[PDB]
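First, one chain by itself: the form deposited in one PDB entry, in structure tokens.
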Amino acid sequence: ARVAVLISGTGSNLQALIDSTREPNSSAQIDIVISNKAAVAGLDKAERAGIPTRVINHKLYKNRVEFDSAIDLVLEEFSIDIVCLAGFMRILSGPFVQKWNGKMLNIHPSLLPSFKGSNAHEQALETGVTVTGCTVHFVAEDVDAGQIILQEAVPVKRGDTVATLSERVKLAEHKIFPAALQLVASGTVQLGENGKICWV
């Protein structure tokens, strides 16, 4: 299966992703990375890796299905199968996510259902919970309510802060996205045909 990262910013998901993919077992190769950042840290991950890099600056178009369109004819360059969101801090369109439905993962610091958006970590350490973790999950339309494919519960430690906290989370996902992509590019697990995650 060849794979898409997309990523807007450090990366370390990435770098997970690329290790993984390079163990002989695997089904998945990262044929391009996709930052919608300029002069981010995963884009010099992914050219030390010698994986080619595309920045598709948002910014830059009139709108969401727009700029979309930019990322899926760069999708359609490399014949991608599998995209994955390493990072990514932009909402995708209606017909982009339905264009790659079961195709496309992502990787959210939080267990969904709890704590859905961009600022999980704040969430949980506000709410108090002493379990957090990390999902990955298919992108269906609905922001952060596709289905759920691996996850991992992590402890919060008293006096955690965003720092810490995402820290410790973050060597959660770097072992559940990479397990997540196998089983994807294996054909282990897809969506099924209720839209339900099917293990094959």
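Residue numbers count along the first chain shown, from 1. Rigid core: the largest C-alpha set superposing within 1.5 Å between the two forms. What changes on going to the form deposited in another entry:
- Shown in the overlay between the two forms, fitted on the rigid core, is a CA shift at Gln98 smaller than 2 Å.
- The two forms, fitted on the rigid core, differ between the two forms by less than 2 Å at the CA of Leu73.
- Annotation for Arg48: C-alpha shift under 2 angstroms between the two forms, rigid core superposed.
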The other form holds:
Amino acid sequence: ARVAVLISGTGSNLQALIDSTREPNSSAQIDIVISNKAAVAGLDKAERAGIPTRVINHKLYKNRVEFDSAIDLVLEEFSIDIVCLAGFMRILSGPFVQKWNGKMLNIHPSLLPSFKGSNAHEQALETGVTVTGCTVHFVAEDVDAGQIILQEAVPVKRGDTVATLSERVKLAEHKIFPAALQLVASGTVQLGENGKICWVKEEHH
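Switch over from the form deposited in one PDB entry to the form deposited in another entry, please.
FYI, this one's just the chain on its own, none of its partners or other molecules.
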């Protein structure tokens, strides 16, 4: 499966994703990284790895649909099968999300449905949970909604700061984002017609 990663900044987890695709039995290749912001660190990561990049500036389009249609056209040109979001900071239009339904994935540094929105590590610490984690899900129109693919629990440790908890969750993300991509790329996990996750036994052995 040919994979695009959409970014707005540092492309957190992009290197984890790249490294995974270069493993022997990978079902995925990262074929393009698209940013809506020029000269961000995640583009340099992609470029250093020899992956094509594009920059699409939302300010050049009259509205969100026209902007997302420009993104889609690049994805079309590059024959992309699967999209991963890695810190993409523009809300994608209903028509875009619908088109890419069941083929676009993203990650959030909580055990959803807890700690929706920004600053989930601070939310966890403020709340005083002893277990948090990260969640990879299919992207839906509503932020943080969308069917869950994988989750991994991560402990909160007495004395943790936002920084120390964040690095522990990031280590889990580095594991589960590529694991989830491989599940979706191999076809092992697919989104059912009923809108629920389907774990598929594949014909080819």
